[PDB]
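Novice: Dock chain A' with the ligands against chain A, hints included.
Protein chains: 2
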Amino acid sequence: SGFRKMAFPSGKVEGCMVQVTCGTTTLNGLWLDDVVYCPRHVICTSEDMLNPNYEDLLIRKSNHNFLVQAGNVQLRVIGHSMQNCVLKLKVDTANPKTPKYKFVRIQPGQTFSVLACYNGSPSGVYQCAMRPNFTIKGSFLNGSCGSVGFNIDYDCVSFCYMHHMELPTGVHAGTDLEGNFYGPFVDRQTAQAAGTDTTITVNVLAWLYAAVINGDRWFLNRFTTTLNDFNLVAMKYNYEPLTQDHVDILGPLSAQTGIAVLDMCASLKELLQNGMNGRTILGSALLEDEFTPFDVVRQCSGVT
Amino acid sequence: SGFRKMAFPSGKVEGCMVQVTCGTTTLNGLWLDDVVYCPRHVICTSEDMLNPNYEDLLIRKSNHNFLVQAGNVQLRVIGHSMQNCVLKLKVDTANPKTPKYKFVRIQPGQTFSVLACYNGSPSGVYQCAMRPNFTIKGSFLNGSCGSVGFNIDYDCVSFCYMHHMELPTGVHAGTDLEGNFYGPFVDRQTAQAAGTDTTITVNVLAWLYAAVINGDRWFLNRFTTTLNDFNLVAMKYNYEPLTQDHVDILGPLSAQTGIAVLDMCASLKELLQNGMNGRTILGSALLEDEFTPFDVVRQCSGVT
Ligand SMILES: O=C(Cc1cccc(Cl)c1)Nc1cncc2ccncc12
Ligand SMILES: O=C(Cc1cccc(Cl)c1)Nc1cncc2ccncc12
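Same order as they appear, the protein sequences are chains A and A'. A prime marks a further copy of an entry chain.
The opening position of the first sequence corresponds to residue 1 in the entry's author numbering, with each subsequent residue numbered one higher.
The opening position of the second sequence corresponds to residue 1 in the entry's author numbering, with each subsequent residue numbered one higher.
Keep in mind that the hints were calculated from the coordinates and are not lab data.
Please note that the accuracy of each hint is not assured.
Unchecked claim - Estimated spans, in silico, between C-beta atoms of each pair:
no. : chain 1 : residue 1 : chain 2 : residue 2 : range
1   : A       : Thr169    : A'      : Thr224    : 26 to 36 Å
2   : A       : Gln74     : A'      : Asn221    : 47 to 57 Å
3   : A'      : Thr93     : A       : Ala255    : 41 to 51 Å
4   : A'      : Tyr154    : A       : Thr224    : 49 to 59 Å
5   : A       : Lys61     : A'      : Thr243    : 54 to 64 Å
Even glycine gets a Cβ: it sits at the ideal position worked out from N, Cα and C.
Same shape as in the complex, but just chain A:
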């Protein structure tokens, strides 16, 4: 029993982290096969970060201007190219520690582990979610750019995120491993609107199933609801609307506990209308939305 904000073991990603220096700027890079992926703002100085013409700034750069260091040893850059907001540095050596991997673009509401890095060295690992407004609520300091988000299926690491920017609101924006920012964000030093951030309803429901599984059952009530009635309540409280796809993914958890999905929605509705009344659920005093139904199943089953 017990429920934790658990991250994937970070070892397979640790062996891919390198440090990339260009001019006076140093950030993290991701070494896979013979290619190092890093954010393209590595070619920038604070002066041109106000409105950078990346194509023009890259024209002044050569393969020898990109310094790629793996641990303590230097990699030789034999090629460079820009793909959207990331730079791809071809190196002359394939990373001996490249794991099985995929580059995936996650949907909002999905979760992932982040391996925070400074100077190509890892500092820590944590679990987080892609918010409905396409920001991540991370923990990142200057020099954390290039840190990646990922998921792991058995032996295959699915890279989903690469950190780029911190908004004035202390929230984080970044790209998939093809260089496309999640959301409206651009890699510029301008104030950018994050957008309204809703609560991920399917994840709070999944977390509520995990609470029942691990002993916390005070919030269970004698009521049921319909998808349309529940969605009226979700609208008022800035929760994402629940659809039949959401109910379908909550099938395994509904089957494990024997609480119908709509019966659990009625518990959610009453917790939203009445609050927790000073009580807790899995050691939290608020409704947690950063565990997907897959995460709860995996944590309560023990997938390695």
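Specialist: Frame of chain A; chain A' with the ligands shown alone:
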């Protein structure tokens, strides 16, 4: 900015995990140099777990009865011995992936990362604290025994915990890497008293400094207090008493924010007497005690 329940990168521990089978029981082992450490209840069947005479049960075991598998390859056991509640299996090969390491016994209130494992394979990593009643609030399923808790200083892994048991209350009990259980717990299938669990006052104060550092400052007030006055409030609310050693360790955070330690105690006092009033602090609706003052400094500085 941002504050996360961050764990150490788990790679150095991943390369030490093995699977140990003895009879019909399989649990995790920790392979360091030529020795595999695992919980001694590996020699037990559910029948003798009611009151096992471990010395007598080990007499019926030989080096060939302990099956140690590293990934997919078998290790040859050339020696075995019992040290307190752990078994030390000498193997004929030194783990090529043994990192720099120490075996340390942590104090209650201190935190550590856990690499949860099933069948010698890692499932996830999470941050947790040794509770004042010597239990850990983990997330563990059957077969997680042998999973280790650790800290990392630059390149040296300090192993502090090895998981053994889950109490009827869903809380976890375990040992240091010398086989000594933290707390009164024995490795038997009997109901055991966890004890009163207080809140780690120095850690909530450190977390409150982290909140100020990362923008959350609503809880700051126009008051101060004394150590004796604050301790009266801590007593009422089951918080550990604050001592001058606690105030000394909160020096760096007091110096970083400019809020005197006793001034921050006065904020803690008012949050304890008045609650959060529906507000949050670092995305939490309760006072978090699982970040030490060292953890806050490291997270807000970027130690790798
Ligand atoms: O914000 C930036 C640099 C940047 C500025 C403008 C556009 C881009 Cl694409 C990148 N990176 C950082 C990441 N995470 C956290 C931070 C904390 C402190 N300072 C900087 C941080
Ligand atoms: O409780 C036990 C076995 C045990 C029984 C009595 C004494 C000892 Cl030293 C060990 N180990 C488990 C660890 N963590 C979580 C669990 C979850 C489910 N089943 C079992 C768990």
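Novice: Now, for every hint given, state plainly whether the structure supports it.
Specialist: Evaluated hints:
As the Cβ distance of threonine 169/A to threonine 224/A' is approximately 32 Å, the hint placing it in 26 to 36 Å holds. At about 54 Å, the CB distance of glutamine 74/A to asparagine 221/A' agrees with the hint of 47 to 57 Å. At roughly 45 Å, the beta carbons of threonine 93/A' and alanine 255/A sit within the given window of 41 to 51 Å. A hinted range of 49 to 59 Å holds for the C-beta pair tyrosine 154/A' and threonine 224/A, which are about 56 Å apart.
Under the hint 54 to 64 Å, the C-beta atoms of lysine 61/A and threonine 243/A', about 56 Å apart, fit the expected range.
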